[PDB]
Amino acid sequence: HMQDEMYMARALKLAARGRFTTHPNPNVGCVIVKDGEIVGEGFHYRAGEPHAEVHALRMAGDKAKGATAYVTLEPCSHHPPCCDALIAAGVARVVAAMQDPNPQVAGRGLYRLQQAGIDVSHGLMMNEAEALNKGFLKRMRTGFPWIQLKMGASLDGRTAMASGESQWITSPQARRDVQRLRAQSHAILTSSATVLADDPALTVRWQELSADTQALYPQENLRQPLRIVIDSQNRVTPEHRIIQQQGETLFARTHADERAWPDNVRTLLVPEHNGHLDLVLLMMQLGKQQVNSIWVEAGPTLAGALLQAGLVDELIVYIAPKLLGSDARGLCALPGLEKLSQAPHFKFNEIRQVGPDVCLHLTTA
């Protein structure tokens, strides 16, 4: 009972090793124990690469017979199926943190293992495994990606001065944490308002990671998250930097653009609500394209639109210990809000220190 926890906690630690590259697949860790000794260890790293169980079963070999397998997720039961691979090695019992997120296939893998005479149990540290792939978990259950809205402002909630200077409000430590969160995200999303105003690259710069992250993230394996730009009126030109970078760029247009763009640029057509791109339908279409999580680098207009649509799953707010004044740019634009009742309400979940700044994690309450 206590032995299961210790071995399992290794699997979740292993599963987190590939959180930068597993998309659109989840993070899964597998540990195989024979006679109280770890003979098999493996984690999923890349889509189309071997799964964690196959990685760990290869390490075990013959020593996998009658052994105990600890997996952070219920093994695949559809093709080769990881469940059958476990049986082909002679494993006697399997411990899974949680069932499959998909209701269509939830419990199938455990059942097939049990039918062939294997002790099966699920539930151990389920919440910790659920937190590992929050985007993937949400997509399978709802069809919507997990949305993280990033906000960086001074003490008085200001994102830029009246002159427009927004450089170095947050500490260099804060930007760098942003890069770590960018690298774990399946996609990075912005609006044409931000693209036209700042001309950003909005990419993950490997040289800007921490030494801890750099050790578990080889540079030649750098996966640039797909960049999504909301452009209802096709205002972004093919000369902006965001499409001149390495990696993919998805443009959410309401009508097709007639210009010639770089090959890394693609176009997604979203129906229009009122006179603006329908954010709700865009998230649904992105879910159909197997997008797990979205990191949103948005200005005040896009932030308010997502919040008023009820699409934001998590607020990540960086606050610097500086005061900018009342004519400095605000945080989010909420057109229509005139009474205190209509103000958006959230809940403080995690408060952590990032250098001289603080980072507040919030969920939509």
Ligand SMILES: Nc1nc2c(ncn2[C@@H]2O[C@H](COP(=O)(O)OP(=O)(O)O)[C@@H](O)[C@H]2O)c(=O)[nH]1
Second form
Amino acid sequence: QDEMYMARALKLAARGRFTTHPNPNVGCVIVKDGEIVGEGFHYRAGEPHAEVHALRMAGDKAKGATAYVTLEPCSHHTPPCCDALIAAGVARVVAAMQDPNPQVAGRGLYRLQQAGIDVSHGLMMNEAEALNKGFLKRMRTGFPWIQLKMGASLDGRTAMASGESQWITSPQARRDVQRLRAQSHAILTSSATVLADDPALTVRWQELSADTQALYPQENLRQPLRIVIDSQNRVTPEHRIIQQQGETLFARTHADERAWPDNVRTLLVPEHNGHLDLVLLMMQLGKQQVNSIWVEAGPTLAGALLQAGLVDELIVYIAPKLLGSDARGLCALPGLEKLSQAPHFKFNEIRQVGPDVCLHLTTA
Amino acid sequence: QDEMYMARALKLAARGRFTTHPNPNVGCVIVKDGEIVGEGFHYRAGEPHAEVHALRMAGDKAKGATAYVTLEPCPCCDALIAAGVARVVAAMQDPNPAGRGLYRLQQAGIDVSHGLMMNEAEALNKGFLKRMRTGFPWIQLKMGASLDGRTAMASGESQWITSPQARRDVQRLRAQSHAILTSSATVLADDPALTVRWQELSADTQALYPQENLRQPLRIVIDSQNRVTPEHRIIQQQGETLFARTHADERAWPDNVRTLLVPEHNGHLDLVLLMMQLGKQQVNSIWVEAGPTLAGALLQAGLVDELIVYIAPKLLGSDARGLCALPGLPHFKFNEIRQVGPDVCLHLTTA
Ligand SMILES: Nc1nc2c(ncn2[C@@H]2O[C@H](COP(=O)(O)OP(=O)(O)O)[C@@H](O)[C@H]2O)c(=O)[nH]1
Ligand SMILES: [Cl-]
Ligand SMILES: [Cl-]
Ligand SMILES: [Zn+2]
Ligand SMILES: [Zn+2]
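Form solved without this ligand already given; the form deposited with this ligand bound follows:
The next block holds the full complex; its first chain is the one shown before.
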């Protein structure tokens, strides 16, 4: 019945997923007497909301029209979306889900019911929830959504005994990582990897599939915040990661006394044993409005995040190669000497990416 | 049009994939005036062929009918002519030295054709076609590991990384393999039985396999230094056991135990020659359950045709035992990936 318009609405909402952070993905569909007369989605932060975009396009035809929104309309003064709907005289509003704030939820929808509008909530809620896993987790929990990525060979190895980790996964796999990088609020790495590989960890618009490039105009490329974990300030100001377009954040235990570019700032995290308290680092990040973190780490940091229980999702790319028994493993799990204490997961989705396969796992 | 019948005979042909060895899988459908009056598939080696099974079904109605066979008829060719049939359709030619069977019909007034769903027919006897073409069996390497390619821990536990669902899947893949190969190293560590357990076959597969009809795959143990003893489980089981020895053991073994003498090469057993001799013994397909040392050795020899990988959603750590030991340093391609319980199974062919 209504499912076509909402589905269209969430498809519209996904158009903003590369540039919407720290705001979520929202799409608006306005139908009057069975004909769409308004469409919009949120694109950047501080820019016009989705419902406003669609009301501005619908104009006079919004009177007595139904509005499909992927979330509860903004209910607080930019002037709030919930009142703009009233100003335009929409007679019916369908929202896929409510606000994630524990108290603010339902406020907007009530205000329309108080002003005589038809309101309902929950239609395609699960699809709406999946569009904003990071934001919703940060709005409910203090913590962001964490994506641990791993790219290995069939036998679980990430680099040969020579250290040649240079491109064991497929070029299609690298394009797939670029897409998932591009919609990530932030990218996280350890100093162990920075010293070993001296990486860029920047979203390279060139190596993006053209389907995405048709939705991501290059001039609006948002470079995700780069977070480097350096509890002992081993990274130097001459490493590639810091002299890159976009901003770099260093999780340090004490301030480094050298001079750094303006696009580099330092976050001080308290210490646990000999290093940062990783959970606390995730906490402060949540307090700074970071929705989702894409983790590009070697075996050490991957083992840490798992052993701390900070991983919400495992993304594993497997290449159809056998890389030998003496090649570097996937993650370092100290004290794991019996397999009953091994970490346990659940396969959500398995998909083909060129000659590779990509495995999506959840903790439980 | 006639593809609908070839597909029927292919489905029939698969019905004996469990008991057919060393013979291939073949199905036959005879249609006359739009009705399949004859059906059959080969079931057991030494039992009647499929074309005969189908001709016995069609009887007098076989006259002036059309035969769809998944492989060129063998002889099965004469009973075809003796039954008065025109227009034989064959999925593929025989990989034996070949088209003689088609000639016996081409020049005897019968119409012929070749190639209909040829790829699907070739997929149903991967071992038999390879052996008839190269003299070598089709080699399936099974691997079951955690998410980080780990089998067992540094202690050597390995105790149920894979699901019970994945074990039952293995038994299904074991039960259609001609033979099952392992190394002495695995025999000494686990004292395994390496038997197809009808009790461990999922009810989907048990529908096909009747319990009283169970054909145990030939068991092959590579024991190049004769370290397995006749007290081990594997020799005290139903069916034959073949030992790939380098020099003949002098002990007394059960009647079902026999040895195969393989030339050495640079002090170790020559795996390539072993396969070559095993083809002479008519072994179509080999299911390989092996630890890191044997598995890498087959791969490095280039003898692995197919990888079967079960992955469990666990991590064992980077110091736990790996999958294949590759001294000196293999490329594949994913054919089928599928879910088996909480694990996934990946099917890879040499690429
Ligand atoms: N300073 C720093 N910290 C790291 C690096 N790699 C990982 N980490 C973090 O610091 C710890 C590294 O592991 P380790 O010092 O042996 O402690 P463990 O993880 O508790 O065994 C983990 O908690 C990681 O989260 C690195 O290169 N530099
Ligand atoms: Cl990079
Ligand atoms: Cl067993
Ligand atoms: Zn709003
Ligand atoms: Zn025959």
